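**Student:** Using the sequences plus the hints, can you model the full thing?
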Amino acid sequence: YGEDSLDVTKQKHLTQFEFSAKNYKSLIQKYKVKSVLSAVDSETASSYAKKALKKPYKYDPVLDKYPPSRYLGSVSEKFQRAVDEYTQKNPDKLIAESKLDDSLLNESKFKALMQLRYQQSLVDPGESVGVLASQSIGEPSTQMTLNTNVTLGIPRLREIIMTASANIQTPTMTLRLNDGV
Amino acid sequence: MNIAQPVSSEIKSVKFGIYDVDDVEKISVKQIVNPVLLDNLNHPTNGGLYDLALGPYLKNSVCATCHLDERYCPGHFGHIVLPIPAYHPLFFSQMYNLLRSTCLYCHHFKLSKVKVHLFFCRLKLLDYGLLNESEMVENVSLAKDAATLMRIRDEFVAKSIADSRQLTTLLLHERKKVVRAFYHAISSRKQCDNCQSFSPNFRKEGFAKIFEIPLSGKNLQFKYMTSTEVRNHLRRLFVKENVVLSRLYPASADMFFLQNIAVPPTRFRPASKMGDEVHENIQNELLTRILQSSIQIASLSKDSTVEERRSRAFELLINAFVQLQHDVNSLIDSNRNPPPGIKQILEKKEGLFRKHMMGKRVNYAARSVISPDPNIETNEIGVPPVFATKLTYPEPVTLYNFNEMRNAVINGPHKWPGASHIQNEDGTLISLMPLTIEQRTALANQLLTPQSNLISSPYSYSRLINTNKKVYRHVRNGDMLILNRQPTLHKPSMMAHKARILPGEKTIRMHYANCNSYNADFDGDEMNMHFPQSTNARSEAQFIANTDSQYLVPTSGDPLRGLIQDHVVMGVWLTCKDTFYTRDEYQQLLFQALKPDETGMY
Amino acid sequence: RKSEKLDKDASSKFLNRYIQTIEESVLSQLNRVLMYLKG
Amino acid sequence: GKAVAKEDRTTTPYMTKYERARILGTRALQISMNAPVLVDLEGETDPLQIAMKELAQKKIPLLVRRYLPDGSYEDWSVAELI
Amino acid sequence: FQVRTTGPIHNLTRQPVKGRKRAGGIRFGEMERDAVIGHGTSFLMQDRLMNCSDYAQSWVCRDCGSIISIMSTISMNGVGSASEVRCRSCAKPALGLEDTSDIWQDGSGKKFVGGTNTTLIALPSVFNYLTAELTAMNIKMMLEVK
Amino acid sequence: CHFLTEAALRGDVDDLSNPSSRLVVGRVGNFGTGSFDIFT
Amino acid sequence: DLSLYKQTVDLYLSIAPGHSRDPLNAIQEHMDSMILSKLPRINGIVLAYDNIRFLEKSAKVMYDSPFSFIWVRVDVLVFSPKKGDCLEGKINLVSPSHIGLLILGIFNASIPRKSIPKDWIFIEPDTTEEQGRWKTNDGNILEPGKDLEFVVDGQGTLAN
Amino acid sequence: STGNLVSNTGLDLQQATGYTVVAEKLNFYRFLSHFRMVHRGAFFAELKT
RNA sequence: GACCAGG
DNA sequence: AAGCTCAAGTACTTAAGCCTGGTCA
DNA sequence: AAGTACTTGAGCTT
Ligand SMILES: [Zn+2]
Ligand SMILES: [Zn+2]
Ligand SMILES: [Zn+2]
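Protein chains in written order, with my numbering: chain B, 8 to 188; chain Y, 636 to 1237; chain D, 46 to 84; chain R, 2 to 83; chain G, 1439 to 1584; chain S, 15 to 54; chain P, 4 to 163; chain L, 1065 to 1113.
No incorrect hints appear here.
If you want the ones that stay clear, here's a sample from chain Y, every Cβ over 12 Å from chain P, calculated:
1) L693
2) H742
3) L758
4) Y763
5) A782
6) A797
7) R815
8) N829
9) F842
10) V865
11) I953
12) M993
13) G994
14) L1064
15) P1069
16) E1140
Heads up, incomplete: computed chain P residues facing chain D, CB under 8 Å, no partners named:
17) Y8
18) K9
19) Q31
20) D35
21) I109
Since the hints were derived computationally from the structure, they do not count as laboratory data.
Idealized CB from N, CA, C, for every residue including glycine.
**Tutor:** And the structure:
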């Protein structure tokens, strides 16, 4: 589902990586770690996540190797890049060096928490999605049609997504200047 | 629905296809030959378009064939014969291009047989779903040479199927490509690739009348006519080239021409009484026309056999033939012969497939203009007393809610929280409206008891005993009853609210919060209230679609609900640091905000 | 819809095992017929 | 086709947003039809809140078959799901 | 305000009529369908679109796969047992000696043999109407059951 | 009637894919709470 | 002939709700129904049934209703009569309109006077006017010869 | 009664129908605005511009 | 079913 | 000659939901 | 009105 992180209706708070680390005591209880860590596999896919993050290729995106349903180790690339570069970019909330940490925090612990929410936030299979995209076009197609040179809005969308016609009204191109010129 | 009825079948598919000449007579239950509809005694004419055997004409008349009343008679077809048979109107154009592809003297294809057999191998290998393997078989470059090429295609397909053995989407993508290439090949050719003759060309009309001039003198050196001639020539075309046409379609009996069309039962074609006028209908009338033209064909054919005398004979006979072709075209395609035809009542897009199948009027579903209420909840929805007392739903009766259903039937169908009318397990429904409180008490006393007057009363299938009496009761404070407003653009437009029942007023009540979802201004616009009857439906509704569980509109992530105008600016006035409250106001305000008991939990 | 054989002694044994399996009118008539067939 | 064995199951162990719905629904209907209440009632009347009182205790019948799009299925009890 | 608990129906398809003068029902579909089938409420869809409006029990021949071909038996015998429906298209004429069980008769008086694969499937009345008009166009859909 | 005439000539049998088709004959849709089956 | 045959059939039983504990008793509630009644498939009237077992396939719930479904395989002993089968019965009632017999004590036989040739004559005893011995052309009394044999017509025939 | 101007020639009027409207006296302003108003024809109405 | 209305 | 891609030109279905009134032959 | 794909005839090359 384009790696999905979910169907959009819940994937929102992923980017709020500060929010979870801010409290972190209520979210862990919400996700119910004691019952989830039991049945699902954790170590193997988390190990392979680093191997996929290896900059050279021949390693798939971890999501293809290990589906995100049972292996509590797979997340898209950008999600893991985000959690890593957040841990290194904003290290203020997370403590650190390591001994002082192990009272109330742990970088690996909180990263495993975010891993866990990603697992907890997949598309629940069986969701009729096509009709979801149908609503996602219909609603804004209603929203704004009075403008505030190419035509913008529903006449435009009518060509790209409905008629897909050759010889559109104004097919233009944009070319970047180069230093030699 | 009923909860008892078990029906076991699980339909896995439907299969479309033509209908041949034997089965139309197998399903025949009578023949319609007399045009007259009704006699002086006004009774259903025997054998007429309203014959009693076709379908039970109302005023309590039992059907002849099945001999049981109208409430259960399912109607039976009838046949109306024609020795003309006119070619089926819907396939007229494809039949036309096929006729163009015909070579009358040759009775093979205008295309080279080797090319049509290439076409045959294409479909043969497509049947098992092998795409590149189909484009492979053309990899040959070379009548005798032509027969060798055909045998090369045969051996290619032979090894391909041998390796393969040891619908789905992409199948149709190729099987339509072959159809388009088939036409591109067939209609381009004029002279016979097999016979070397120039079979005469053919000219048609949009009125579905076809023929052209005979051959020219030069090509001989090298209009309108009967349908039996066309039928026989197409029979030769098919049976001589059974393979590629069988792949295209082995059966070729009545594909293009209909030897007996069926009159559907009277149940489907009623004589609606609007005021006083009694018009039979459009379809009865047009079937009458084709029947009269059929008997006219019979008489005129007899006149022909009994014998410019031959000229007048053939002219008048062809006139009768073309008239019957024209009127059967009218029946099946009212787009021709300028009342609705069948094709137009289907394809009209005002009628079926859009106005009776996808979306249909529904029972147990009321409707009102809607005022706002902030006091109830964000879950709950107001329900006026009229909707409560009138919207009914079944409730099985068990050991532990017998008390509630007892009280319900004690109250009756005229005073909330009463129930409406009691269903017995056999399948009947006995009302409580015409009864008295004494009678209702009596009937409610024997509400939990096996009353079926045997172990197996209906017949020797004894599960009817197990199911409990279903009491039809009114909605109450916990039931989940859907809401919607058209246009329903995006999914939070329909939701499920818990009912709360109010006294007096005549319009439902909702909370401000949900409003921005349904996109209403509450100026006096109105919303459909529904009530799913069974328990599976209301269960899945209450859980998946409970208002709060639709808190994120799914185009983006941002929240679509929320508090609104007064609440928000008074929020800016309460959160502001300039406001101070004493004990009295603080206690009072906190309590008004919580409202524990009705919500509960604390 | 599968069909097999039933011989004489097989009828007696099958009625025996049936009266032993599920446990009034039918059983009464079956006891009558079993008493008439035996003896 | 196949009926997937217990040793290798690919499906997701989470009691989905849907299996919860249908399970609780059909269970409430069952219990509405004079069925075995496998949990001591609290006097609760609604033929569905009993079903939730049961599923909270994970004492429910009705394993669910998850159809893979191939045509095979895996059969999960409700206690087994998360 | 218009409320429709139970009321008059349509001559053709037995869907509630288009009223407010004839207690007509409210329309639910062609976008209301998209709403629920986005909500993922297949049971609600099958309930409202089928159960509440137009519900029926109809018989089909499993052998031939036809729904027009069902005829309920007449004059089998005295009170005896119930009318056990059969299929005409898959039945052959009564010429010849056959056992009393499988035979049955016609209202006109004809006897037949065959056509016993008649089961009891739920089917919305509108599909019955579609079968009628379709076979009037001479083309009939053959639905299988397994 | 055009799609009808072509799919009728060829007689192409679906299983039946979309929920509109699953619905016209009244059966529960493929999607949603209908995707799986529940057994005792 | 040997008219009795055993048929192990497969039928599709509905497991009612209150019997969701065990299907076996739920099998009973409807297996006691068909007995001594006609099942049209097997072309015979049910006599008895044993060997009740359900093929373990995790019985299915009808997908809008609370009672489930399951295949059960059970062996019936239906009396399958054919044209030309020969049947015996003990005579109970006799009259100069037909002959009355019971086969297996359960199944009735009422054979009109037409199927009896005019060769057999009725004697009327002075004690009971209706009941009386239906002698043959030979002079044999049939009342002590309670076991009487004839053929199936569909109803019997003693005319050869 | 209806408004179908049925004449052998249209007399240079585009639409043949709708020339007449009931004077619903529902409220006086509606009575006036029936008497004053004009309308330019359904032929242009059906066009979406 | 068609033409004017109306939310 | 005639084969075969090229050109304008001829037939041809859709245009949001609902809901409620009225008049009409 | 918009625009679609559909089909036929006239001019150029082997
Ligand atoms: Zn009938
Ligand atoms: Zn030829
Ligand atoms: Zn049949």
